[PDB]
Structure formats: C-alpha cells, structure tokens
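Protein chains: 2
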Amino acid sequence: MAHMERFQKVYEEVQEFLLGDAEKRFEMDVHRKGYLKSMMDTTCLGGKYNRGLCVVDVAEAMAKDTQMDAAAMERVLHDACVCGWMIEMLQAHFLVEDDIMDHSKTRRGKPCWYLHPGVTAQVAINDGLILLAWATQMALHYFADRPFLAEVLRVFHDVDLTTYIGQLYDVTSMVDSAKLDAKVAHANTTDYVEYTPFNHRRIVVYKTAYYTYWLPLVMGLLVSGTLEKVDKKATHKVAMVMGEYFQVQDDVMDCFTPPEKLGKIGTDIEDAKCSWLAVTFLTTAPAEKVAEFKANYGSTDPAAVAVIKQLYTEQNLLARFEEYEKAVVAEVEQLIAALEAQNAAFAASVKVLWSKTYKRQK
Amino acid sequence: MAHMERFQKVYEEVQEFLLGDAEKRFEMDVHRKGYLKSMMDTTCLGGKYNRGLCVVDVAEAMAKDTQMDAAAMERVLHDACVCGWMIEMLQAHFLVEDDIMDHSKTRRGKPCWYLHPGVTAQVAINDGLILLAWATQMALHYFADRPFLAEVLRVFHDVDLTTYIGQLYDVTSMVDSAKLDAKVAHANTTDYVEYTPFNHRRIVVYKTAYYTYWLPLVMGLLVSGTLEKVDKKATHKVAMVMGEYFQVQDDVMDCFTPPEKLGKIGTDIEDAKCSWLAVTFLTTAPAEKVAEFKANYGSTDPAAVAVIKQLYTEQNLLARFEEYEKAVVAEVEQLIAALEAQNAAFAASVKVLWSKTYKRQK
Ligand SMILES: CCCCc1ccc[n+](CC(P(=O)(O)O)P(=O)(O)O)c1
Ligand SMILES: CCCCc1ccc[n+](CC(P(=O)(O)O)P(=O)(O)O)c1
Ligand SMILES: CC(C)CCOP(=O)(O)OP(=O)(O)O
Ligand SMILES: CC(C)CCOP(=O)(O)OP(=O)(O)O
Ligand SMILES: [Ca+2]
Ligand SMILES: [Ca+2]
Ligand SMILES: [Ca+2]
Ligand SMILES: [Ca+2]
Ligand SMILES: [Ca+2]
Ligand SMILES: [Ca+2]
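The listed protein sequences derive, respectively, from chains A and B.
Sequential numbering from 1 applies to the first sequence in the authors' numbering.
Sequential numbering from 1 applies to the second sequence in the authors' numbering.
Hints may contain errors.
Any copy, or any two copies together, can satisfy a pair, since identical chains are not distinguished.
Simulated crosslink set (DSS-like; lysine-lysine; CA at most 30 Å straight-line) [claimed, not checked]: (1) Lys37 x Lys183; (2) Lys110 x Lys179; (3) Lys183 x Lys33; (4) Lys110 x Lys183.
Quick caveat, the hints were computed from the structure, so don't treat them as lab data.
So here's chain A without its partners, still in its complex pose:
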C-alpha cells in the first residue's frame, strides 16, 4: 500500500520523540525506556493499520484535490501520518485494556500484553494508559503551530469517550439492565430478552464505528484543511454503516474464522456476548433451537461452545450474513454516489476504505 513505507518511517520518528521526551521530562532510566520501547512495539504494531493508513489516504486525496504545492503536500502527508499514529496508539490502548477486561489469550498472533509474564494485568492497565496519553502527546508536539490542533483534540477526545460508552454497553449486555446496580452482584441472563437488534446496533456503533471509520476520515479532512468541502451528515452516516458492518464481520469471525488466521481467540460464546450471531439466531430460530441455545450459551465447556456453533451453522447464519452484506453494499454505494456528486476526491477515499473492509478475511 502506497503510504506504508512513509507511515512506518513516521512510527520510528514518533517513537524516538516520545521516549526521548520521557528522558527529558521524567528522568526516565535506560531500563524503563527499553521496557516502554518493547511495550509500544508489541501493542502498536502487527495490526492491519486500516485506521492509520486511512488518515493518510484521505489527506493525500484532498491535498491533490486542492492542488497543494510540493512543500505543503509533504507537510500534509507527515501530519496525516502522525494523526494515523494517534489512532493506532488509541487502538493499542483499547486492545490492551479490552484484552484485560475479556481475559483473552492472544492478540495479533502473540500473547496479550498483560499475559507477558514480565507484565501482569496490574502493570498492563497502566501501560494501556501511557499509550492513550502518548496519542495526545503526538498532537501537542507535532501540531503545536497548526490551527487544526484544537479540532484534532476535540474529535479525538469525543471519540475516546464514545468508545468507552460503547464498551459500557458491551460489558453490561449479558445482565438484565433493570438489575444493573453497583451494590448487588449481577447474574448473567437466562432469558436473553435484551438480545435485540437495537441493543446490538447500539453496542457496535459506539464501541467500533466512531474510532474505526468516523475518526480516520475526519482527521484526514482536518490535517488537509478540507473538512468544510464535504457533507458532514453524509460522511457521518457512511462511517456508521461501514463501522456497524465491520463489527458484524468481527462478530461472525469470532465463531467461524480459525484463531490462527484471525490472530486472536474470541470467547464471545463462553462470555454470553450480545454478538450479531446471538441476536440474529435468537430473533430467527425456531423455539426448540432457541431453548437449546439458552441451555448451552455462556459456558466455558468446549462441548457447549460446539453446540452453539452447530446451532449457528444449522440456522444458516453465514448465508444470513451474506444477505446483510448485500444490503450494506447497496447502502454504502448509494451514500458514496451522493458524496461523489459533491466532492469526487473525498468519495474516492471512502471507496478505498470500503474496499479494504468489504469481504475482508481478518
């Protein structure tokens, strides 16, 4: 991909800056500097970089569209790379903390950060907070003289909050919400009355769509000075449609994609997660199959988990996902066509992001 070599060079630059700033400001010693370097490398690298490279693709598209000269283009691509690394380090923070919350075993084909024997959940919580803090440090340093710094911080921090509210919906989805009460232990549901299409949409739009689709598009517009050239409502809507679909794919792959190909071991079934598969099953399956689901879901027993995967297979959940995907293609294409009539350059950058999403396999 066109910007990978530039994006990787900016990673080395931003790492040297952040570790050097810690030596200057916090009397950082050689041993902890080395620990933080390995933490940054382990938590920030190894993913697909769809969020970071989107910022650069958008910023280049809009820089060409507005005919920026060689010096201005070089600045926009460098700024775009730094904003990309803000989102990648936000992702790194989110996955560190989520791997602790889900008690997960593998991430990007390596042990979860907290499961490194030299780490533990106790230290990893704080390592994940350093990652989050470092994302803002990059804006405050690299964009100190840029009029777009204010808007970069606003959209970044808004999406940061959004994602934690989605995570609140996610971690409370398997308990009766009327019984959500800090003073009283919460039994996992046995009736699954709240496993609804509305509740699934609300989890995935807030926990995933905002930081995965909306934030990279907006940051690429902000760094190129072109946010006012596009339809904000139309941009938001296509980000929500693609983001929901992206997390639906992630939900389908939890069950049906081998962990060795995905690079992680999902436990949506053993954790009774309100996944797209769980909701689509519960709302479409015959009564006797719903009963077998309730008797087996949310159990660590490998046979129980196999019963659930057999129920999903027998209810044609992969076929049902394919019909959902067809409806999403129709809607994304219509929204892109509407963007394209207003600003073709930005519409092309949404098509790039959509082509890396549609029918992905990991």
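On the provided structure of chain A, position chain B with the ligands as indicated by the hints.
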C-alpha cells in the same frame, strides 16, 4: 470553606450536563444513566476536594487582583469550579485504576469501586476511563469559546501522562530494574539496592506532585488569565516541594494512621513498596535491623507486617518524619516569601494550599 457551596452546586450542573450529553449522543438508557450517576458520585465525592478547591482559591485571588466587573468575576469563579471538577474527575479516574492495580479494599470509607459486587475489576477499568474522558468533555463544553481552552487541554494531558510515568516507577520499584523484561517473570528484590532517596523522590514527584500541586495552581492561573503574571519556574519548584511532602505524609500514614481515620487500608508493607518509611529505614537503621527488615518486608503474613511496624517504631521513623517536616516548612516559607515579593495575590493562594497540607491528619 469559602468556595465549597459554589463548588458543590457546579458538581450538580456538570453531572446533569455529562449524563444529558450521553442521552443525546449515545442513546443512553435510563438504567445505565442511573449506573453512571452512582459511579460518578461514588468515585468523585467523599475526598477532601484539596485539588478542586485550590483551582477556585487561586482563580478568585488572581481575579480580585485584576479590575473586572461582577459578570466577569462570576464567569472566572464558574470556570474555576469546572476546572476544579476536571482535576477531581482525573483524581477519581486515578483512584479507580490504582485501587484495581493495588487490589485494595476501601477508598474514602467505602469499598473500592471495582470491589462493589455489581462492578468487578473487568467493568471498573472502563468506568475509570469514562471518568478520564468526562474530564476533557467538561473543558470542550464549558470552555468552547474561552481563550485558555488549548492551554487547559495541554497542561491537563501533560499531567495525565506524567502521573502514568510516576505509576510506572511505582509499580516496577520492587523489581531490580536491570531484570525488567516483559518476556520473563521477575521475583521482587531481596537486597533493596534501588530503595534510594533519589528513586523515592522520582516516584512521588511524577505520580503525585504534578497532578496534586502543580496542575491546580496552573489551572487557577489559566482560567483567571494570569499565568504570565507569576514566575513559572518558582511556581513549579514550590509545587514539587509541597507535593513530595504530601506523598511522604501519605506514605507515613499508610503505616501509622488507623485505616478507619484515613478511609483506606494501605498495603505498602505487604506489597514491598519503595515508600518514604522503607527508604528512610534502609538508609539509617543498623545492619541487623536492615537484615530483619529484608526477611519480613513484602509479606502478606500479619506477623511479618507487625515486625516491620515494630522495626519502624524502634528506628523512630515518626521523629525522623518530624525533622524532614521541619526542613520542608523552612523551604516552603522561603519559596512563598520569594513569590510574595513578585505576586502577593498568587503567593497568598499558595499559602492557602500549604495551610491545608502542613500537618494534615488524613
Ligand atoms: C476498552 C475500550 C473498548 C475497545 C474495543 C472496541 C471495539 C472492539 N474491541 C475489541 C474486540 P476484539 O478483542 O478485537 O475481538 P471485541 O472484544 O469483540 O469488542 C475493543
Ligand atoms: C493510575 C495512576 C496512579 C495514580 C496515583 C498517584 C498517587 C497516589 N495514588 C494512590 C495512593 P493511595 O492508594 O491513595 O494510598 P498510592 O497507591 O499510595 O500511590 C495513585
Ligand atoms: C474494532 C475491533 C474489531 C478491534 C480490532 O480491530 P482490528 O481488526 O482493526 O485490529 P488490528 O488493529 O489488529 O488490525
Ligand atoms: C496522591 C495520593 C496520596 C492519592 C490520594 O489523594 P488524597 O489524599 O488527596 O485523596 P482524596 O481525593 O480522597 O482527598
Ligand atoms: Ca470486549
Ligand atoms: Ca476482546
Ligand atoms: Ca470480537
Ligand atoms: Ca498504588
Ligand atoms: Ca493505592
Ligand atoms: Ca498511599
């Protein structure tokens, strides 16, 4: 306290705004809104409000020293209260995450948030992140048209990073730093070679002094538009001296103050923390007492803990603290006198903060 009634009124306003913003933006339901209200009240209320009320005391002192009409003074006090609550919600976030990391039992005379049976560590991590995100949301909303928004976000996020680096030093302080390696489990020290005055100072300056002393003084100056009317270097030095002392008091109280008075059960002795007591003991005690300390420290056995507290008592650590405290008050009074020669209004507000710190009992 002059500003308590105004400060508690602004709490109720900020709470209504944040919960209402979540209903508006994130389709927040009545049950989770109730959960978040209970979480905010439990994690943000019940402390001494030293950080938040400092912001208002500094802002009022500096606004009175300027000539401005009643409407302008009302705006400075309201902004100061919001900035105070930013720091209180940052404190709330720090204590929620630290209580998970320390596996602690009590905070402000109630169970730790994560230990509420309807919460657990795996939900509380995310509740702690909501608190941190809400702090920035307050600035972005209330200070949307204020000239100091950018500099408020910069100092806030700088101190946010600083505290996590202090926390890194704190959580790694009991492992030989040459053996710090994410890949390899590492036994806690048996020789305590790194339990040095320098290493204690580095922990407490970054983990406590920046957010407890520096941040409230600087926010008070920013919201009143008077940061450039004071000596930034001298302000930093007095904040580092007072904040080191504040954390030394906290370390002494971990051992010597009844948990029912303190409102928390410290485990510095069980957890082998590099506390002021441990460093002062190891650098002053006779050789056989150092050996007995090493045989008993870092043990959950109540007999082992009782041996350490007896060794501390025998080495007169409370008297050694009184001598340190005499040296600190000599230094603070000199630094305040020097500030008073430059800006008497600001120096008075440093006296108010010091007066709440010096010889405190909790
Ligand atoms: C801590 C904030 C939550 C971040 C967040 C948002 C979206 C997806 N994830 C991770 C995924 P996964 O762990 O990559 O499968 P999920 O657990 O299925 O939701 C985490
Ligand atoms: C999560 C960042 C840590 C924040 C932080 C900094 C200063 C004091 N604390 C908590 C105190 P305490 O728990 O109030 O006694 P410590 O555990 O002694 O350090 C936490
Ligand atoms: C939003 C969610 C499914 C979390 C994982 O996101 P991802 O598949 O983009 O992960 P990588 O950053 O590893 O590419
Ligand atoms: C920095 C530290 C000792 C943590 C506790 O701070 P504190 O004693 O000011 O706590 P409150 O917010 O409960 O007053
Ligand atoms: Ca999760
Ligand atoms: Ca997960
Ligand atoms: Ca998943
Ligand atoms: Ca601690
Ligand atoms: Ca603690
Ligand atoms: Ca303490």
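Status of each hint after checking the structure:
Taking the shortest Cα distances, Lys37 and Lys183 sit within 30 Å of each other only across copies (13 Å), while inside one copy they are farther apart (41 Å). Only between protomers do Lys110 and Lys179 lie at most 30 Å apart by alpha-carbon distance; the minimum there is 21 Å, versus 37 Å within a single protomer. Proximity of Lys183 and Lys33 under a CA criterion of 30 Å is satisfied inter-copy only: 16 Å between copies versus 41 Å inside one chain copy. Only between protomers do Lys110 and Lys183 lie at most 30 Å apart by alpha-carbon distance; the minimum there is 11 Å, versus 37 Å within a single protomer.
Taken one by one, the earlier hints all hold for this structure without exception.
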